[PDB]
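Only one chain is shown below, in structure tokens, and it's the form deposited in one PDB entry.
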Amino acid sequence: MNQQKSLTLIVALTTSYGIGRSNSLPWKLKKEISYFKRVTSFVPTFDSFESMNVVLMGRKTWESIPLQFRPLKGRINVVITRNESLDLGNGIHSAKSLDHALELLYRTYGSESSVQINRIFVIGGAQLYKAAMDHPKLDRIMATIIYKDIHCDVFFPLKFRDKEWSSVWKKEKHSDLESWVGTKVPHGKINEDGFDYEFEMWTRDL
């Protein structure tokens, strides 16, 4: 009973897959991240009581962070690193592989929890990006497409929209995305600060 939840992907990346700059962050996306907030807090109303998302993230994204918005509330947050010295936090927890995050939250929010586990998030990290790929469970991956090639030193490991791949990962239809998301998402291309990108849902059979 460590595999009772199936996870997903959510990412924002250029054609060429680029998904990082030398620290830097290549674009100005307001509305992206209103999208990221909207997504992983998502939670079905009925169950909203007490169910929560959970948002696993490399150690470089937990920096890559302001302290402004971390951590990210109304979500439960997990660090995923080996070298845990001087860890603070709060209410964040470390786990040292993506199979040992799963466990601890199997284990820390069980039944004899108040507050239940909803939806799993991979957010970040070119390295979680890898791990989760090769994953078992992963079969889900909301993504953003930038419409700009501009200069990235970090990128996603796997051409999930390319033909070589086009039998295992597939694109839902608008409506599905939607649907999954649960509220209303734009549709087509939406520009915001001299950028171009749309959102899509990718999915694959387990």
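Numbering follows the first chain given and starts at 1. For clarity, a rigid core is taken as the largest C-alpha set superposing within 1.5 Å between two forms. Compared with the form deposited in another entry:
- Relative to the superposed rigid core, residue 114 undergoes a CA displacement smaller than 2 Å between these two forms.
- Superposed on the core, the two forms barely differ at residue 103: its CA moves less than 2 Å between these two forms.
- Once both forms are overlaid on the rigid core, the distance between the two CA positions of residue 134 between these two forms is under 2 angstroms.
Switching from the form deposited in one PDB entry: structure of the form deposited in another entry?
Excluded here are partners and other molecules; the one chain stands alone.
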């Protein structure tokens, strides 16, 4: 009664797997953020009469997001921390692990509940990505690849794009990405603020 849905990890990362610096993002990309918001918010039309997606994040990511933007609108937010607590929150879910979060969500958002869960996303940071990478239900990574070795002080924990991991993690066709996300997605390099980046989707068999 706990393992009824796959997890999807969503991340923007450099070719050196860098994801962060000074507890924030070391880039400023409005369209990249708009993609994150669209992907994490998208529910197919028939289902969206009551469906909401879930965003799971570590406490340091929670704090990283400008207070203006919290909780992340229109999604069920859960902050994962070893130390309960709160973080001061208006409706704001807390759990001590990825599986305690899932248990809390299934208990809270049941068959009878007016709000139902569509997809569940792990949205960072490195420590929670590490847990998700070890979780037997994670099967999908929505990666934005940033083609610049921007200096970072926190890194994605497993080199899923590299040869050593290439029998396990496979990059999907762009048409498959678009299908999964429910919309046209720009394909190939996008330039904002002096860097090229591009959207990818990678999967692992369960």
